[PDB]
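A.B. asks: Could you put the whole structure together from the sequences, leaning on the hints where they help?
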Amino acid sequence: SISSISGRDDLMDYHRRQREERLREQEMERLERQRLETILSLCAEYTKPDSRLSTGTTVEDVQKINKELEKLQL
Amino acid sequence: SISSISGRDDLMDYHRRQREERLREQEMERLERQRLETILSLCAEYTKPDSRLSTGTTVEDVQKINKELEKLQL
Amino acid sequence: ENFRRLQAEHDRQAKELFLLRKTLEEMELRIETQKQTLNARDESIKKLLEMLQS
Amino acid sequence: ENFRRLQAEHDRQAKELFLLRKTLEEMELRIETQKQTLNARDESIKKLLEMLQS
Numbered sequence: 415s416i417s418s419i420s421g422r423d424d425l426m427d428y429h430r431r432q433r434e435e436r437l438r439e440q441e442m443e444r445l446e447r448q449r450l451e452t453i454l455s456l457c458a459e460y461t462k463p464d465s466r467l468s469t470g471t472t473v474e475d476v477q478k479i480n481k482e483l484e485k486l487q488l
Numbered sequence: 415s416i417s418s419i420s421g422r423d424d425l426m427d428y429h430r431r432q433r434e435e436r437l438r439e440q441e442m443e444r445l446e447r448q449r450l451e452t453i454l455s456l457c458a459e460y461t462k463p464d465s466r467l468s469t470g471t472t473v474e475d476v477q478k479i480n481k482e483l484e485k486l487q488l
Numbered sequence: 261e262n263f264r265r266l267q268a269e270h271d272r273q274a275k276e277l278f279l280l281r282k283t284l285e286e287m288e289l290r291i292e293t294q295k296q297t298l299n300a301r302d303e304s305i306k307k308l309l310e311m312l313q314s
Numbered sequence: 261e262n263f264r265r266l267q268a269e270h271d272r273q274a275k276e277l278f279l280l281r282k283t284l285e286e287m288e289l290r291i292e293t294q295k296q297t298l299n300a301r302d303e304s305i306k307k308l309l310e311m312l313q314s
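Residue numbers (PDB author numbering), protein chains in the order written: chain B, 415 to 488; chain B', 415 to 488; chain A, 261 to 314; chain A', 261 to 314. A prime marks a further copy of an entry chain.
Check before you lean on any hint, since a few could be wrong.
Here are a few chain A' residues that face chain B', going by a calculated C-beta distance under 8 Å [to be verified]:
no.: 1; residue: 265
no.: 2; residue: 281
no.: 3; residue: 285
no.: 4; residue: 309
no.: 5; residue: 312
no.: 6; residue: 313
Okay, derived cross-link-like pairs now, DSS-like style, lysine-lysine, Cα gap no bigger than 30 Å in a straight line [as the list claims (entries may be wrong)]:
no.: 7; chain 1: B; residue 1: 481; chain 2: B; residue 2: 462
no.: 8; chain 1: B; residue 1: 481; chain 2: A; residue 2: 306
no.: 9; chain 1: B; residue 1: 481; chain 2: A; residue 2: 307
no.: 10; chain 1: A; residue 1: 306; chain 2: B; residue 2: 462
no.: 11; chain 1: A; residue 1: 307; chain 2: A'; residue 2: 275
no.: 12; chain 1: B'; residue 1: 485; chain 2: A'; residue 2: 307
no.: 13; chain 1: A; residue 1: 307; chain 2: B; residue 2: 485
no.: 14; chain 1: A; residue 1: 307; chain 2: A; residue 2: 295
no.: 15; chain 1: B; residue 1: 481; chain 2: A'; residue 2: 282
no.: 16; chain 1: B'; residue 1: 481; chain 2: A'; residue 2: 307
no.: 17; chain 1: A'; residue 1: 275; chain 2: B; residue 2: 478
no.: 18; chain 1: A; residue 1: 307; chain 2: B'; residue 2: 481
no.: 19; chain 1: B; residue 1: 462; chain 2: B; residue 2: 478
no.: 20; chain 1: B; residue 1: 478; chain 2: A'; residue 2: 295
no.: 21; chain 1: B; residue 1: 462; chain 2: B'; residue 2: 481
no.: 22; chain 1: B'; residue 1: 478; chain 2: A; residue 2: 307
no.: 23; chain 1: B'; residue 1: 462; chain 2: B'; residue 2: 481
no.: 24; chain 1: B; residue 1: 462; chain 2: B'; residue 2: 478
no.: 25; chain 1: A'; residue 1: 306; chain 2: B'; residue 2: 462
no.: 26; chain 1: B'; residue 1: 478; chain 2: A'; residue 2: 306
no.: 27; chain 1: A; residue 1: 295; chain 2: B; residue 2: 478
no.: 28; chain 1: B'; residue 1: 462; chain 2: A'; residue 2: 275
no.: 29; chain 1: A; residue 1: 282; chain 2: A; residue 2: 295
no.: 30; chain 1: B; residue 1: 481; chain 2: A'; residue 2: 306
no.: 31; chain 1: A; residue 1: 295; chain 2: A'; residue 2: 282
no.: 32; chain 1: B; residue 1: 462; chain 2: A; residue 2: 307
no.: 33; chain 1: B'; residue 1: 485; chain 2: A; residue 2: 306
no.: 34; chain 1: A; residue 1: 295; chain 2: B'; residue 2: 478
no.: 35; chain 1: B'; residue 1: 485; chain 2: A'; residue 2: 306
no.: 36; chain 1: A'; residue 1: 306; chain 2: B; residue 2: 485
no.: 37; chain 1: B; residue 1: 478; chain 2: A; residue 2: 307
no.: 38; chain 1: B'; residue 1: 462; chain 2: B; residue 2: 478
no.: 39; chain 1: B; residue 1: 485; chain 2: A'; residue 2: 282
no.: 40; chain 1: A; residue 1: 295; chain 2: B; residue 2: 485
These are computed hints drawn from the structure, not numbers from a lab.
Just so you know, even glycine gets a beta-carbon here, dropped at the ideal spot from N, CA and C.
C.D. replies: Here you go:
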């Protein structure tokens, strides 16, 4: 916490933590956009079966993205 | 942005914005926990149909929470 | 003269340091409360996908 | 004497003000990138619920 942080050393470490957490959260955002796209085509498989958007996406294709998300959180 | 913010007046307004956004995001967290619980019992209706957890939850019961979420975002 | 002018800016930066730290605590809670909403929506997505396989 | 001691703390608080503002920019991006992930997971949940009704 920043309340118990005081000094040049504690701040430089705290700023480093916020930068490292941002880069890992920006990587999380890019992965989540791929999960959204894969989920959109997954729902198109049933709400629009005869449409051009029904590209054969299954839940396993979304769970493959779920596995990469759990790698970053580990 | 804080980069283009300088002075006592711009900071006090920026701190007020962060406090008002937090209270609205803490209200979002409480609503999302109710959506999670309602979704858990919704999935129990099909993965555990004969279980005690299948309490008759439908998608409409989750969409009722979805409507309250869209009120805060408005 | 210049000592008081320098002493005046010390009080100005001190109140600015005060506001910057109070703003950091509000953003610490924003990031934390958003970390909780993300985990709640991630468990929701995963439980809905495990249900679709049934 | 006391002027230089006071002038020394001015440079100390200045570098602290520098770090506090650079940390605010990193947390601005953290909140923003988490706002985007939340909206992506919210649209995912809603599209999965609209699909279950079919």
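A.B. asks: Against this structure, judge whether each hint is valid.
C.D. replies: Against the structure, the hints come out as follows:
| no. | hint | result |
| --- | --- | --- |
| 1 | 265 | 25 Å, violated |
| 2 | 281 | 6 Å, holds |
| 3 | 285 | 6 Å, holds |
| 4 | 309 | 5 Å, holds |
| 5 | 312 | 5 Å, holds |
| 6 | 313 | 6 Å, holds |
| 7 | B:481 / B:462 | 27 Å, holds |
| 8 | B:481 / A:306 | 11 Å, holds |
| 9 | B:481 / A:307 | 14 Å, holds |
| 10 | A:306 / B:462 | 23 Å, holds |
| 11 | A:307 / A':275 | 48 Å, violated |
| 12 | B':485 / A':307 | 18 Å, holds |
| 13 | A:307 / B:485 | 18 Å, holds |
| 14 | A:307 / A:295 | 18 Å, holds |
| 15 | B:481 / A':282 | 33 Å, violated |
| 16 | B':481 / A':307 | 14 Å, holds |
| 17 | A':275 / B:478 | 46 Å, violated |
| 18 | A:307 / B':481 | 21 Å, holds |
| 19 | B:462 / B:478 | 23 Å, holds |
| 20 | B:478 / A':295 | 23 Å, holds |
| 21 | B:462 / B':481 | 25 Å, holds |
| 22 | B':478 / A:307 | 19 Å, holds |
| 23 | B':462 / B':481 | 27 Å, holds |
| 24 | B:462 / B':478 | 25 Å, holds |
| 25 | A':306 / B':462 | 23 Å, holds |
| 26 | B':478 / A':306 | 12 Å, holds |
| 27 | A:295 / B:478 | 22 Å, holds |
| 28 | B':462 / A':275 | 59 Å, violated |
| 29 | A:282 / A:295 | 20 Å, holds |
| 30 | B:481 / A':306 | 22 Å, holds |
| 31 | A:295 / A':282 | 22 Å, holds |
| 32 | B:462 / A:307 | 23 Å, holds |
| 33 | B':485 / A:306 | 25 Å, holds |
| 34 | A:295 / B':478 | 23 Å, holds |
| 35 | B':485 / A':306 | 15 Å, holds |
| 36 | A':306 / B:485 | 25 Å, holds |
| 37 | B:478 / A:307 | 15 Å, holds |
| 38 | B':462 / B:478 | 25 Å, holds |
| 39 | B:485 / A':282 | 29 Å, holds |
| 40 | A:295 / B:485 | 17 Å, holds |
Comparing the model with each numbered hint stated earlier shows that hints 1, 11, 15, 17, 28 do not hold.
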